[PDB]
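A single chain comes next, written as structure tokens; it is the form deposited without the ligand.
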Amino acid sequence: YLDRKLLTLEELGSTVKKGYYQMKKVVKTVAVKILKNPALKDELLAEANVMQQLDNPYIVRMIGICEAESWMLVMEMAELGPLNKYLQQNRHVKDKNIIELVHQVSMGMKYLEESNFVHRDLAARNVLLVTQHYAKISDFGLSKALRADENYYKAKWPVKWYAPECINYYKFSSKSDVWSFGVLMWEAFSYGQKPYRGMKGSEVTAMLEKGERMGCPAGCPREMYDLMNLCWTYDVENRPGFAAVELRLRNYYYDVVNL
């Protein structure tokens, strides 16, 4: 519970403002999600409740909650902003760099999977860059802590990022997040292009059910595209977990640096 007088506010995305929170001696730049007036309070608090439990270098950190002229969720600042926007405007970025960033996302998700949390909104728009070589996962407003005895959560949806079982059965798991990571990787290697351009969710469902998948982005290393298709395994049971996705990305990436 943060002290309102130790917070100095400057909009970014609308309600989100850059600010500064005085720590013991140094000021920390922060991104403040400011909430404006029914039960949307419970939602922000649920999001804060989730973020409070998480501690990983590849996940945005929550500084705290500030109750004041508005409810505010105070988080660390990722200055370079969303992964898709950054790539849309930085086409010189090397596939080596993209591999690096998506690997970082896979480590954060590996941790989230260990923590038994489902993100449920994993997309390139929700990966924030600290630097060109440092990505963090953000936006936990749809996230769920799984019960100790279950491996899925049963429920507007970003259908283009959703696995078949989410659509068909409303079942969200870490494997469902793996499907979304697949779409995220396609986004990254398409330098922030939107997936399934021009299609309605229902048409996307129809495409995937015919077994069709988005093609290999221009200049995307073949082994990366194969990873995407593995993320897009229809059957949840046969789809890999983030342990296996992260492991494959790590291996490949250091066969890249090493060379």
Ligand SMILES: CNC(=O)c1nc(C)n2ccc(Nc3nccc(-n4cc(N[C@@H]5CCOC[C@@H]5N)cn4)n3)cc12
Given for the second form:
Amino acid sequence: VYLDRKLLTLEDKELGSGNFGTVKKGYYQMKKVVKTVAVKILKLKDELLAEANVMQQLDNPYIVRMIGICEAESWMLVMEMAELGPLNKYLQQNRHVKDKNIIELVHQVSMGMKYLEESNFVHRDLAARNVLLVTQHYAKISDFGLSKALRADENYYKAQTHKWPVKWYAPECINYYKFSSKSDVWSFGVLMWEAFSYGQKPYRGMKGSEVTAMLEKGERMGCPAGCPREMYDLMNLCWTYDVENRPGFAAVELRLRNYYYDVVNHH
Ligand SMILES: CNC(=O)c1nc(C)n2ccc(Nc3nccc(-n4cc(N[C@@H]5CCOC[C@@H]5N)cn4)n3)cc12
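Show the form deposited with the ligand bound, please, because up to now only the form deposited without the ligand has appeared in this conversation.
Next comes the full complex, this chain leading.
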């Protein structure tokens, strides 16, 4: 859990910011090899510790691995490096990634979210900026800063006061401050839209209030160019207003698994 700073080599040039601070590339001298790492630097500490506490409990191929934490110049969250970076930035810079490949990546995210749902954890920040690419064909979920372990007696987490990405938030998050695996299903639908739109921001040119007003009328974002009808149908199903009627990640992952192999068969 607690790493030796002397074994941690940090690169001078940062990968970027992120509201919590900065993301840096480094190396952690392991048992026999060297491990390339992405480090979240604080430069709030309670939030970094809670994020690391969540990530330590997670063991899945589609969730970023936390190597550990390190208390030095600043508090550091050390993760296994996914070299290609955020899914949204990647797709914005590689607009010729095939449709089959987008299905493959969004299906990988649903597999990680299926695992997260079974573990009874709520992510609360499921966005394409929080999906990291190991390879063009390998996605992982990172950014567990707003993540919650659900109580043994409740299916939701209730926030006590609203700095919220409203464009990814389900109506019950807004109206009742209630966060569940089904609200992550809503955000996953927004994430699908972003990915099929090659990293375009959702609800372009709209205020958070205008987004809520649109969703309340029953209006939804349109089909991104080239997106198969079946994928846009799944997107819309993730955007079911009623929490109970909205599918869980086991149903969402199965629709994606089947459609992915169907597209793999056609090809
Ligand atoms: C700030 N920019 C980058 O993070 C970034 N830029 C480039 C060019 N990268 C390349 C590889 C890489 N790898 C990598 N692997 C494992 C974990 C991470 N984590 C990054 C975050 N937090 C970010 C907050 C800011 O938004 C993006 C993220 N969600 C959480 N985990 N990162 C990251 C980046």
